[PDB]
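In the block that follows, a single chain appears as structure tokens, in the form deposited without the named molecule.
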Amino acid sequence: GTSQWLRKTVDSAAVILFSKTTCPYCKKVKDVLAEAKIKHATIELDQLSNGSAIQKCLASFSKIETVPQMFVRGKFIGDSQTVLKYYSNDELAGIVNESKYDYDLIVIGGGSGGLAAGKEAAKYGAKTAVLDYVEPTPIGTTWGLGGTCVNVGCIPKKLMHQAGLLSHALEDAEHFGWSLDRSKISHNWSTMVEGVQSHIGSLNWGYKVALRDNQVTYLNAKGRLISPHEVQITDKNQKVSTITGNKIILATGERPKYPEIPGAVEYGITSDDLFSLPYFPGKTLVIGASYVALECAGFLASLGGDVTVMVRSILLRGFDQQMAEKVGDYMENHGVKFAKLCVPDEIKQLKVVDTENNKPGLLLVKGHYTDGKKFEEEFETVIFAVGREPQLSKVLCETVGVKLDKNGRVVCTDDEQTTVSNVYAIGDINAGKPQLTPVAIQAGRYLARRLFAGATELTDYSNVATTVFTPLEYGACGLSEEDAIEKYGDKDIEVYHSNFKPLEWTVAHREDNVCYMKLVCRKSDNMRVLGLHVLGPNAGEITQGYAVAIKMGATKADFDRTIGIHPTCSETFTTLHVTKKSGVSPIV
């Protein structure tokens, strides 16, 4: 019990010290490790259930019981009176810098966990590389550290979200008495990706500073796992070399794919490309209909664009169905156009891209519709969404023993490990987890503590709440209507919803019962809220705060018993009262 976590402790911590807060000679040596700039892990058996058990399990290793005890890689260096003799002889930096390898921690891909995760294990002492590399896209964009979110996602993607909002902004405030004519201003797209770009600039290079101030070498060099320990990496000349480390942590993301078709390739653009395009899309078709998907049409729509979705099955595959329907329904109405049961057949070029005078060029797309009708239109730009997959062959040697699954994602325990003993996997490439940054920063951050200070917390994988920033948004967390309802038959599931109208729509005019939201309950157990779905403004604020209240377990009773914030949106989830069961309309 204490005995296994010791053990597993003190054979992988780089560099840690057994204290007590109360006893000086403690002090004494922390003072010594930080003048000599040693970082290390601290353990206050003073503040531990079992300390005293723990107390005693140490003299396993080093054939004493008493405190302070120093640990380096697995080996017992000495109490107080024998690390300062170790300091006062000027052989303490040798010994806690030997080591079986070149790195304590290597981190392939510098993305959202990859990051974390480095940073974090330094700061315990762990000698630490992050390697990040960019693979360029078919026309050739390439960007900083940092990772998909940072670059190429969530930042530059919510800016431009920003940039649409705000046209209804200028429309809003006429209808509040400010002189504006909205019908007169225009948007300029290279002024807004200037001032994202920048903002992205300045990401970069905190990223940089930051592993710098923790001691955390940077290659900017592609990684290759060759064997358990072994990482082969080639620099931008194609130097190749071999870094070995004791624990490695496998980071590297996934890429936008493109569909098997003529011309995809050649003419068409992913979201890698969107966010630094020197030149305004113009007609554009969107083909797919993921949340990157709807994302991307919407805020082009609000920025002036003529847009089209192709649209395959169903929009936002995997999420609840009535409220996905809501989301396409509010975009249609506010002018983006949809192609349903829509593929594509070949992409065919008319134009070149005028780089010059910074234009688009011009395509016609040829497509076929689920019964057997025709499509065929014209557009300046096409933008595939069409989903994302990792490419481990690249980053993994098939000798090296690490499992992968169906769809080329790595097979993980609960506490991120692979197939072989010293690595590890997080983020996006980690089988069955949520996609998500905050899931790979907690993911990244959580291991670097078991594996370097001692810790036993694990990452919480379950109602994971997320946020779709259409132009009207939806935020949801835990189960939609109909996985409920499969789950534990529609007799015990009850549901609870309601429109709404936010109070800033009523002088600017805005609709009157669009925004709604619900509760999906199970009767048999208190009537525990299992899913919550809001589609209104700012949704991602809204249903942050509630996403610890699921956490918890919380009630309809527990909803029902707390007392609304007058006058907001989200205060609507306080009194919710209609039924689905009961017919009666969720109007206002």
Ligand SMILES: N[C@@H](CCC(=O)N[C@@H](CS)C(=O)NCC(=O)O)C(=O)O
Given for the second form:
2 protein chains.
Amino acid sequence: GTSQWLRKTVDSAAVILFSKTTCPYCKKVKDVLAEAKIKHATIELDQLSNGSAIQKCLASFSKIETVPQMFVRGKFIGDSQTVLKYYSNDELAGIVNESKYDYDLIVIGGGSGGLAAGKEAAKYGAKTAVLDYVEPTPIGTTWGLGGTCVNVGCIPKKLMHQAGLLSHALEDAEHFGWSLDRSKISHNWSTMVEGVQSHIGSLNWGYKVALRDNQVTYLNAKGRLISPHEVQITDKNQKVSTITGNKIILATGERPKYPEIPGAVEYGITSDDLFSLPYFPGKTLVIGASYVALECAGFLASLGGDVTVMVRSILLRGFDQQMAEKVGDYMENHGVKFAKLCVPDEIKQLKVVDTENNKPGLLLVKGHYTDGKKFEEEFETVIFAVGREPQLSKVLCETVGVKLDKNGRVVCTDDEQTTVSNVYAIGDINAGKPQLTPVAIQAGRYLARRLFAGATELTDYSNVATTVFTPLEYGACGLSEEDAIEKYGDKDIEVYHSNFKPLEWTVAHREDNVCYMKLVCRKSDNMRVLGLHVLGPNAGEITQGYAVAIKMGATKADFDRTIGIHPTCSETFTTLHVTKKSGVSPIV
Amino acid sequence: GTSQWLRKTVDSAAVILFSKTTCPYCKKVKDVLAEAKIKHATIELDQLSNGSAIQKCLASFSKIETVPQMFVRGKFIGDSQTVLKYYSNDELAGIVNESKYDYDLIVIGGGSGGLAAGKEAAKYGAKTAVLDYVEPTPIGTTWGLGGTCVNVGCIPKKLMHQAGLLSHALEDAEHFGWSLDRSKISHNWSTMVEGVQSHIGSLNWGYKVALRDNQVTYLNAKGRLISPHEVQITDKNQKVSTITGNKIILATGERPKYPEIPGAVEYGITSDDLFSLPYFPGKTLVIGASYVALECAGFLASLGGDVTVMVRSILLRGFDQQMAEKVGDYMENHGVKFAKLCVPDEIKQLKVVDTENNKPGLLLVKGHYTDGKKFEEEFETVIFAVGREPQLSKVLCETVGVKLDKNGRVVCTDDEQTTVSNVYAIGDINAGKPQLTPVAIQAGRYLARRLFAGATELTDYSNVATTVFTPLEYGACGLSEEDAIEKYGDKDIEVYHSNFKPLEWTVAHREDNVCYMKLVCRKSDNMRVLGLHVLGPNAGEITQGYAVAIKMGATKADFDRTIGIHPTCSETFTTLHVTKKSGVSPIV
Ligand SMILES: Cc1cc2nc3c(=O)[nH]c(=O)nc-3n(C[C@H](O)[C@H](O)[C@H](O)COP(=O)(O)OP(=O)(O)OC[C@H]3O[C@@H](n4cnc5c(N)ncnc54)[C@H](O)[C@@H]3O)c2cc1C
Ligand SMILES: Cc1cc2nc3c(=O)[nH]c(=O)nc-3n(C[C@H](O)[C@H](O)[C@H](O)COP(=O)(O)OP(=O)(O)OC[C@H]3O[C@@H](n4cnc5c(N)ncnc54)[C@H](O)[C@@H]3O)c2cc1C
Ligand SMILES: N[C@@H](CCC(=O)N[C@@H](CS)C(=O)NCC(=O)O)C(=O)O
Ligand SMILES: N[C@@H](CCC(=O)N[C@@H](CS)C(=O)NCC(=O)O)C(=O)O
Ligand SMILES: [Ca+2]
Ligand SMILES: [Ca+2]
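Would you mind giving the form solved in complex with the named molecule, to go alongside the form deposited without the named molecule above?
And the full complex, kicking off with our chain again.
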């Protein structure tokens, strides 16, 4: 596979140097390029097992087998004397700049995946442009560079989650000896939002500075792929232009869905609006049962809010359903109200948002339960969390030939390639892939390395760990119990489980036998860990390390041999013994 | 090794049944034993690869090769018909009770290791006694069942640590929008102590109930091994008696050291006294630089205390010294004062503890710095944390023949056996072993299984993860950087590292570039992870999962391929790229 690898690498790399760590002529070229401020990829052949074979294969491209060999956009440009010739004649800058296209890479979308791909490509001398545009929500909310996670996703969600957790810290404080009057303590929504938004602002600015420092052209513009290599751009002044690029990365993400009911778009809000909302939501209805719905409902209740969640059928569809029930039970026990087996019919406005006192309006929500009984209740705020959708009709001309699935997501190969061979898709729009920030980032970085630095490594989308940041957090890595049983049969599945209690909860008088963990294992494969699940505080911190072990093919024996750290919650994974089949209670 | 294994198993097991899962005669015996309330170990031969060989070998003990075969204390007692014969004749209870000794196992020490070993042995029908006695501290402090971790160690330490962390949660709360008057908030030491001690009380009681429920004889008595099988006991009424046991487990732990200076024993306190201290310590001097010293100094400062730490030479000797410096730097930056290169000479009393108002006394501490300058300062409380020591002269007669090392710890084989073959040592007194609670527990449980259930599994003492619960926590698994370099040479070591910042610290306006992590790797062994180190909040929760991966022989590649969970602190381990040799700054 050496010949195939080199053919691909030479064809795709923007500026690449084939080198050896011990060669003085290679160092001379490296020093020249560094002085000339020419960024490039470097392949050290003496550090590869097939390095000798690569040298021989290079002759098919350069007619020489020696090092160094420099290539620019598919063409051999010279050995050490030749590169220094260009340098001494003021020709080098022009040569390493010659291109058929404006850019080696155009990234459409300045979110998690797009920024990661763009920055990484620039490192290897790919002339890169990143396009980002945020179409305003129906009520007019917009934000800066960084995409969903930075502005209206993971970052503000976790910060508001923390504000909520601090409510319970205030309660715990008394039991640990702290003297305070909780009856005189209140939360100010707008002060929290201002703090959150100040941090988001530093991230917006941070990414702009990063792109500048990486010599990436940032355009705050709407991009449209009109042919394989042509991107139509519309700027802030509505001026339309066309730029060209060799490789294109589609990383445009998704936006919240709205139910097709009267009043939904006019009066409801989504997560897009919530995180910069100038007024306190007040009495809130969340319509939906996604992790987004439950996370938002969760922190609103902890901030003292009157919160109701309207659930069509089940919670967290796709997630382990035992764990999902436990997540919901905790929320219900702590004041989140659930309108079960219930759907909305219409939203009517009873009061407009006060824009000078920053107070919410009032809405009438009409719906019905499956039993036929009517739902009719007043809420100050209605939040829709009924899923998210790609919007590639706004990004992609149909004549380009990029294939989309029934859901409107891009059908990709295992190296992120679309049906148009120079066009790639990463992040939430990549059909079938886990829709998470670190996945988008890994995909973008690994892709950029393959395109421009001769890397071979593909992104591994299997056993990607997750955490739902509900009031009691839920971390998971691998298969749900039901999926493992479906795949391998009940007779081949063993489940080890236990309740636990954080030491911190003892003095604080919190619940016994609520925090919970399980390992789903395959009996015939040396008790291989197929799935890990934990409900408890800091579940993300607990889960992460185990994801490495699971990647390596951890068995129950590996967990058993490892010694716990005491006192922690995570140590409970090291001493599990109660099986579900035994019928023994998991209580402690 | 089948013959050797069976010989050992038959010789050592108290009550054991050799069985097959498919055999109806085996089920009959199991049902008889369960009805008769006879606990026993069971070996299912059809579940072992060498099961057929074991059947043949059993004939050397029983003259039969069939299942079931029941053994009591080294003797074949019968097949299925024979066991049922004993049962129908009211003979079975007497037979399974026949013994040369009072107990199959006597555990001296009712702490982490001892309780774990005792409870586990009883499960397999070993007649077990657990002895525990707490010799009072010089000022008279004593406590209940459960040992060091439960009463004067991990448990109260972490709870007071949490009380300290809640101080900073109160600060963070304001930035997250919570309205409170911090100028009117104070901490009450005694209220905290009462809460902590209430939980310790439930653990004391919990362990007593557990021993009762496992049919373990608990004696609140001082034990002394006077011969291999004879233990002299002294009860609360000073009455002296002798009990006999087949196997003996020494699990007597350690107690705090005092420096040999005037006033030390009379006026100073240790961790033994601190966790139930009826008065607030007030202005405090901690003498020592162990994890105990720094943990205690740490939480006292967070509870608003005026705290000084006297350090002879370095912090956390034995731990990674870069990490140790970072731990100390954080503490110093947050108000813990350090008296560096300083030793104490004498403690003089200036005021006696007020026993009715629960207020501290006052002490004058005189010392000297290495530069010759005098140390003279008044403190309300002086705490010694200058190490811990075994006290086996109080437990062990010299004529028994149990070998101790220069430090007074028991020299053991890799299966915890002392130089007296029926006598074993576990926990802190086992020479050379990591002195941690889960280690003692694993050792005790695994030993009990080997002795009484035919297990082969040894305790793995390598790469045992740790966490120091200082104000900023420090988690580690594996080798320090300096130890890795010493072992393999600097040229074979690569260190990947990064600063990070908890998302929670952003809005709270806490430090950039203080939290830190590194992976110490071996270049020639596919970048094998030799050591993992993390400074940051919840470092124990972060570290634990990775300890499984390290046990399995994780490489840098395994970390790289694993996807992060966002937003967490732990995810930073999945994207490390900056090496120490490159000289690139780890700042973010
Ligand atoms: C409320 C919420 C909470 C979440 N929490 C987590 C979490 O805790 N952990 C986690 O891992 N994931 C979380 N996620 C998911 C995570 O946000 C996404 O997986 C990630 O942001 C996807 O990044 P992306 O690069 O694919 O697209 P995005 O981050 O959405 O970026 C795409 C960008 O491209 C822009 N764009 C669209 N069309 C064009 C165009 N025509 N021209 C130019 N620009 C365009 C978009 O406006 C956007 O700025 C959360 C999501 C939500 C909604
Ligand atoms: C302040 C402090 C904090 C710590 N924090 C942690 C931590 O966070 N995590 C961690 O893993 N480890 C921690 N440790 C260490 C941990 O406590 C010990 O490793 C563990 O308790 C050792 O248990 P053990 O069974 O060996 O002995 P112990 O728990 O000490 O139990 C021995 C018992 O035997 C009794 N005894 C002694 N002599 C006799 C006799 N002659 N007859 C009858 N009984 C006798 C003793 O009084 C004691 O009750 C901490 C230790 C200290 C001091
Ligand atoms: N004339 C060549 C010099 C090539 C050369 O002398 N390089 C040596 C390494 S120092 C080489 O490639 N030798 C053969 C090999 O390494 O296999 C140039 O200017 O680049
Ligand atoms: N007489 C024996 C019965 C032994 C017997 O029939 N057991 C069968 C299993 S059901 C057996 O050991 N067969 C030989 C084997 O399993 O290898 C007893 O009372 O224990
Ligand atoms: Ca274990
Ligand atoms: Ca990774």
